[PDB]
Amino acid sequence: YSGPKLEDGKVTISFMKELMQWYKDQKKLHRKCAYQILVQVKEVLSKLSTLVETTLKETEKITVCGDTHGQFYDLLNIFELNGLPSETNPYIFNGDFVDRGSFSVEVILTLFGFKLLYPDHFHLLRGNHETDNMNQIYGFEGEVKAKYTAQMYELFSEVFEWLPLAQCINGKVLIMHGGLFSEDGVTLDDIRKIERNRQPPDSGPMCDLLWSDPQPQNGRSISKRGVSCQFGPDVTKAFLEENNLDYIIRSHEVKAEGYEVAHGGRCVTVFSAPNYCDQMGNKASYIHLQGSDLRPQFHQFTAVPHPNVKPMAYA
């Protein structure tokens, strides 16, 4: 074992360059590194508020990316185009880091490693795929079982379960993975007190954040996906008013250009797993907001080569 190693059991920027090289080259991080970072981040994440509140001062900027779902080479591509994470190049990854892609283990531990390395500048928000269920069917678990063991999987699970549900910036812009609410009158003070450390329930607010979609016509519909709902432009506009917000960024659904703006400006979708599943031809992008004009700028990019492992391989 000549693989990458923690200095003084604790992640560092050159461990990370190192993990990235190692992972580019399809090798495995050693179990006990895997294990250390997972326990460390359980720790970090777990004293985090369910609702993350961050402040971009006038001259800072932060990048917000959505699904990446195991397309690790395209993750590295993100970093090459936009820079490494660092205290001056902060990231939010709005969930779905795992599943479907065949380099989810690569994704997630790169992800947790930067979390460990830049805790107040590198943000992870829970997807609906950071959950046991999606995990048993779309590939994560098979993947972990194949490269480590069940044990290492349950540890992952326990970790995910501490992932914040949503993050607001300058009490102007709020980001979650899925969307807004099945019921009205939900406030930021509500999201804060969601006791998040569980598999999501069937319904209630924590379901929604993880699961709902926008629709174009005013109102709410049952979600074509079996859980939560589609909320209309009224729903969004109602919630922005109660809470005093400018608009929301969310992910969850693929997009032929890698973003959409729905709801009249009010509800933005970024999605950062290009040519999602080696199939859909799509563009991805990510978003730069900066401290003095929190308006989205959208940066497109498209999928690079990755090695010949098939989507879904581990399910």
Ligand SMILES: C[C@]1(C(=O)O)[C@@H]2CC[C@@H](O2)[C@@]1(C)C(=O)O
Contents of the next structure:
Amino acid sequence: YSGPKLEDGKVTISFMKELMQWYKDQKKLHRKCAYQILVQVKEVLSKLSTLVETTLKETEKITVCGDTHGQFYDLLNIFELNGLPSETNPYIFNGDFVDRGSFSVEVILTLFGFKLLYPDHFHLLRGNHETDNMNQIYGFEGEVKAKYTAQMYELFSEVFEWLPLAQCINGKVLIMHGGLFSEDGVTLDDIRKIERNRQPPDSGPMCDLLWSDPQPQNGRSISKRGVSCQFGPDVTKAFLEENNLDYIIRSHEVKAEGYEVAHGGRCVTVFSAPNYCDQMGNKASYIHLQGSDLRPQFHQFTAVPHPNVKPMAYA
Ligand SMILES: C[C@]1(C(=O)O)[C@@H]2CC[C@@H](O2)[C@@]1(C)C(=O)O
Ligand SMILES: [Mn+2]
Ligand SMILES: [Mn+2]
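Switch from the form solved without this ligand to the form deposited with this ligand bound and print that structure.
And the full complex, kicking off with our chain again.
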């Protein structure tokens, strides 16, 4: 083994640079190093609140990315366009890191590595795909079994259970993978209090955060996905008012331009997997927020080449 090695058992910036190159070249991180990253990141995530609360000073910025779905070469493109993560270039990845794309292992270990390196500036929120039933079907479990072992997969599953479910910036912008709730009256404190270290239930606030979608018409509808609901602009308005928020950013749906702003400004979708599954032909985007101006600034990007491995090859 002549690949990336942790230094004194810990992630460093040089390790991360070596790792990204190793992965670009289609090589595998030694199982012992992967294991160390997973055990250490479990510890880090398990100490976090279900609702991560982050203050952005006036001179600070943050980048918000939506679904990446194992599109590792596109993840590298994000970092090339927007800079590597650091204490002055923080990131939030809003769920759905794995499944569908066939470089899910490379995406997730790169994301976990950066979480370890910059724990206060590199944020990961759970998506509906960071779950066992989804991973069993949509590629990630197959990919981990192919590259490592079932035991390694079990560890990933345990780590995913500790991913926080939402993040609030400056008490003004709430970020979650899916969206808002099937019942009125949910508060930020209710979210804080969710016991998240589990597979999601098929109903209730944890399910909704990971699974719901906005709809343009007022009200709520039964979801076509078979779980959670669609929520209209009236739902969003009431939730923002009760919680003293400005707007929400969510992900969870492909958008041709990589983003959408619904509910009159109140419900933003960001989606960061361009040409999704090598077929959708969509642009992707990421968002910049600034401490002095939390209105979203969209930055679009398009797919880059990757090795010839088909989406879902491991599913
Ligand atoms: C189909 C998708 C998936 O994750 O299964 C994939 C494509 C759009 C979005 O990401 C999706 C609907 C989601 O679950 O977030
Ligand atoms: Mn998704
Ligand atoms: Mn999703």
